[PDB]
Amino acid sequence: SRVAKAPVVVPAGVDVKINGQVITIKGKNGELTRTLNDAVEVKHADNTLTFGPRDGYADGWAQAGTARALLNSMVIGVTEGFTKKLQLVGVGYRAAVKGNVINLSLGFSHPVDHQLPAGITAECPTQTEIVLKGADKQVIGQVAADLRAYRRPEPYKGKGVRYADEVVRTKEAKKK
Amino acid sequence: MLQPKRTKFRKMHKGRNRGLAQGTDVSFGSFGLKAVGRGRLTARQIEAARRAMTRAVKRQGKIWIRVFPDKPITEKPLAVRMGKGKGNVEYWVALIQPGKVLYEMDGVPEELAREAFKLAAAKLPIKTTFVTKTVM
Amino acid sequence: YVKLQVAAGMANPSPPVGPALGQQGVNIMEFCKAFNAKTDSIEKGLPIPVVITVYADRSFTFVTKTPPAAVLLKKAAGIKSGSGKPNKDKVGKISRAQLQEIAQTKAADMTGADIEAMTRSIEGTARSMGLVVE
Amino acid sequence: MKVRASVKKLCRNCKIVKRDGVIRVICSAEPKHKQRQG
Amino acid sequence: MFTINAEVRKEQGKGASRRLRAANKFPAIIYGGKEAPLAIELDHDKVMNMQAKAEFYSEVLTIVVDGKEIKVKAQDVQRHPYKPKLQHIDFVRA
Amino acid sequence: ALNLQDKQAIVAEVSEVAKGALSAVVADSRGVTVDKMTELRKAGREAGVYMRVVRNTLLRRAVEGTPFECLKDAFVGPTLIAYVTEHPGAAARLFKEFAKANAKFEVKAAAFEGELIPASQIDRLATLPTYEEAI
RNA sequence: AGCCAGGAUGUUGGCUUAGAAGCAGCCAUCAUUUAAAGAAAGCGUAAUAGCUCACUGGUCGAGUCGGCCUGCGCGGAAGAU
RNA sequence: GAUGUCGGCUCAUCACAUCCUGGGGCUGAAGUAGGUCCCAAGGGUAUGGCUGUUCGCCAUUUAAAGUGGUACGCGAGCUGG
Ligand SMILES: [Mg+2]
Ligand SMILES: [Mg+2]
Ligand SMILES: [Mg+2]
Ligand SMILES: [Mg+2]
Ligand SMILES: [Mg+2]
Ligand SMILES: [Mg+2]
Ligand SMILES: [Mg+2]
Ligand SMILES: [Mg+2]
Ligand SMILES: [Mg+2]
Ligand SMILES: [Zn+2]
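Residue numbers (the authors' numbering), protein chains in the order written: chain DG, 2 to 177; chain DN, 1 to 136; chain DJ, 8 to 141; chain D5, 1 to 38; chain DW, 1 to 94; chain DI, 2 to 136.
One or more of the hints may lead you astray.
Claimed, not checked - No more than 16 Å apart at the CA atoms, straight line, and that leaves these computed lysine to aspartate or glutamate pairs for EDC-like:
1. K37 (chain DI) / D116 (chain DJ)
2. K83 (chain DW) / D106 (chain DN)
3. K43 (chain DI) / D116 (chain DJ)
4. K58 (chain DN) / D106 (chain DN)
5. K43 (chain DI) / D121 (chain DJ)
6. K85 (chain DW) / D25 (chain DN)
7. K172 (chain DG) / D20 (chain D5)
Read the hints as simulated data drawn from the structure, not as lab findings.
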């Protein structure tokens with residue numbers, strides 16, 4: 002509603018293709034496509050995208066808000082781009098990229114090889130740091146969650162795959 | 001625990017509990033806890049609630065109990081057949097009709113009386129509402 | 008960087024100042040004699056507060072502050088220890104002339120603009136320790 | 001997880017959420033505060 | 001100055017009064033003086049918000065019965081046994 | 002919470018001290034500890050300067066009654082006023098040393114003679130000496 | 001609502017304790033500079049530090065907050081061929 | 001004008017309020033091991049001493065030695081303490 006009523010500014014060099022409910026947003030960083038919920042009426046006009054409810058649909062404003070939010074991060078995606086930074090904490094924990102595969106040593110018997118999806122790229126500036134880069138905000142978010150999942154930050158020493166912006170609360174072990 | 005000091009008779013007919021209450025106004029304090037339901041309050045429930053509200057106000061202010069458990073309740077023990085006389089009195093109840101002001105309070109701020117009454121209400125078998133004193 | 012309250016002519020024992028400031032990285036014999044050389048003008052039997060400023064090279068510079076408000080009210084009323092339950096138990100008495108004496112000394116550390124502003128700030132320290140204004 | 005008929009906010013960081021027809025108390029400050037109505 | 005709007009009652013009794021309350025209205029009476037008592041009907045929400053103000057029970061109120069204005073004072077109130085509602089009001093001619 | 006009575010009181014107090022004073026200084030004070038502020042409040046009361054942080058909407062109201070009605074465009078961002086009631090100058094110099102010594106903030110705009118002074122030309126009320134200098 | 005900034009001084013309030021410095025407890029709970037800042041709502045330290053809130057200035061720009069009377073739903077809801 | 005009673009044997013079948021194994025949240029969960037709760041009924045779930053015993057106590061096992069319903073399952077199937 003307050004989100005839906007806020008227009009998304011499509012910059013110069015960004016192509017917007019609307020075929021009914023299907024929206025393709027082309028830019029310098031890539032091309033993303035989304036199908037908007039039937040309750041959303043998306044209007045182009047000028048250098049902006051405006052979202053609003055469709056008559057006869059109950060949750061129209063809730064839907065238009067989501068649609069807006071999604072198309073804004075799509076525009077930011079195909080331009081600026083997204084960056085997720087993870088950092089490995091604990092003895093022996095190491096990582097490296099070999100093309101589209103993140104090899105991870107995380108205290109297991111077998112090393113973990115994580116295959117990356119289409120659009121997400123990774124590079125290791127250190128043996129203990131992973132930097133993800135992509136256009137789709139959901140996919141970069143998904144991949145960063147899956148990498149964290151291998152060894153979620155333990156609460157006794159903070160060991161494991163953590164987000165760079167992560168506040169890992171630690172606690173003392175039982176007394177005696 | 002409330003109970004009559006003496007009684008004309010030991011045992012009482014079951015009776016019925018129809019009608020609306022008498023004594024539906026905050027008549028002594030500033031705040032009251034009114035019954036919205038119909039039912040029997042037992043002397044132990046009356047005490048459980050009185051204890052809960054008293055702790056809550058840290059034994060400051062004044063509390064009134066507008067109900068008295070004057071009805072004797074009998075019960076037949078286990079492994080006893082029907083008949084062979086009316087059972088023995090085991091506990092005492094106060095019949096409650098919708099509208100009865102059960103407890104009154106003053107000498108404490110509204111916010112505290114409300115909390116103290118929330119705590120007492122949890123010990124009672126009938127639905128209650130918070131009530132304030134009125135000008136007529 | 009640590010804050011402490013050491014005596015006018017006493018600075019060296021282990022229980023009050025010893026491993027409290029020594030754990031950071033401050034010289035135990037250099038500060039103890041440089042503090043008592045400057046606080047020599049300060050009267051005997053009066054705790055004087057001092058703030059320590061330490062750098063990366065273990066070096067130190069200190070600025071001496073005026074005696075505390077709860078400290079000067081004890082010698083003005085004639086008491087060694089305060090009341091366990093303030094405003095419930097009275098332990099002494101201080102006049103309006105004694106209130107302005109503590110305030111004129113504390114003027115270097117006080118936030119107040121006028122004499123009446125600094126005096127009311129000492130009035131509050133007296134009430135919270137059991138001492139009554141008489 | 002605490003499963004009970006009466007679910008409430010236990011601190012300021014507690015938040016009441018309804019996930020798939022089930023009232024829940026999700027809390028950012030204390031894991032002990034995590035509740036599901038049931 | 002409290003102003004109450006009222007209509008004269010076209011009906012009386014248990015049946016008719018219960019019908020009023022079901023219709024978010026309530027019966028009331030105006031009595032006192034040489035004049036005959038006047039059975040009236042009041043809007044529940046309007047009088048309920050008024051009577052919340054302490055002044056309602058002390059001040060002289062005006063009841064507007066079909067154009068005519070009646071100066072009264074709240075004599076007695078019959079409240080609902082447990083809900084924050086009004087059953088009846090006795091207005092005395094002031 | 003500030004009521005309207007309270008806001009009308011604050012406009013009155015800063016309208017009275019508007020007429021009386023000679024030189025007024027409007028500056029930013031964001032990201033500065035209270036230790037440094039109580040230190041500029043001591044060096045302000047000494048120099049016969051009135052120091053205050055007033056709501057910019059409430060300032061555009063006290064300043065509408067003339068002559069500071071050109072200090073309007075300086076009521077955007079955090080605003081602190083330095084009203085010199087005793088001897089013109091004092092603050093415009095007290096602030097310049099506080100700004101350079103603390104590095105935080107920039108000092109918005111100054112006012113004297115019922116005229117606007119830009120952020121670059123605040124050297125005019127900074128080089129002015131005493132009253133008390135003509136003898 | 002979010003985001004920027006501050007959240008000070010006397011003072012480490014007094015008593016107690018090896019220490020209690022808003023933050024084991026007990027008692028008091030004022031006063032100053034103030035835009036505002038409890039002699040302190042929680043976590044943290046051996047005690048300090050450090051992190052945040054109550055409160056207030058800025059930004060933003062139009063609504064926002066939660067009690068009352070009520071209709072219909074939700075959880076509470078485990079059993080044997 | 002008759003619906004054979006307790007326990008054992010043999011043979012089972014369902015419920016889940018789960019004893020083990022499986023998944024999972026909190027823990028006053030360092031690990032190992034526990035405590036508590038949620039999901040789950042697929043399979044699996046001692047032999048003996050004493051007593052008619054069911055139970056229970058005891059010995060030694062086991063991943064575990066589940067709780068209940070089935071005319072307190074089962075005598076035109078057996079036993080008869
Ligand atoms: Mg789910
Ligand atoms: Mg009838
Ligand atoms: Mg037969
Ligand atoms: Mg189950
Ligand atoms: Mg339990
Ligand atoms: Mg089974
Ligand atoms: Mg076992
Ligand atoms: Mg049988
Ligand atoms: Mg046979
Ligand atoms: Zn919580």
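A quick look at each hint next to the structure:
1. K37 (chain DI) / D116 (chain DJ): 14 Å, holds
2. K83 (chain DW) / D106 (chain DN): Violated, because 22 Å separates the two Cα atoms, which is more than 16 Å.
3. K43 (chain DI) / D116 (chain DJ): Given pair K43 (chain DI), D116 (chain DJ) holds - Cα atoms ~11 Å apart, limit 16 Å.
4. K58 (chain DN) / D106 (chain DN): 13 Å, holds
5. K43 (chain DI) / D121 (chain DJ): Distance ~11 Å between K43 (chain DI) and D121 (chain DJ) Cα, so the pair holds.
6. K85 (chain DW) / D25 (chain DN): 14 Å, holds
7. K172 (chain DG) / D20 (chain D5): 33 Å, violated
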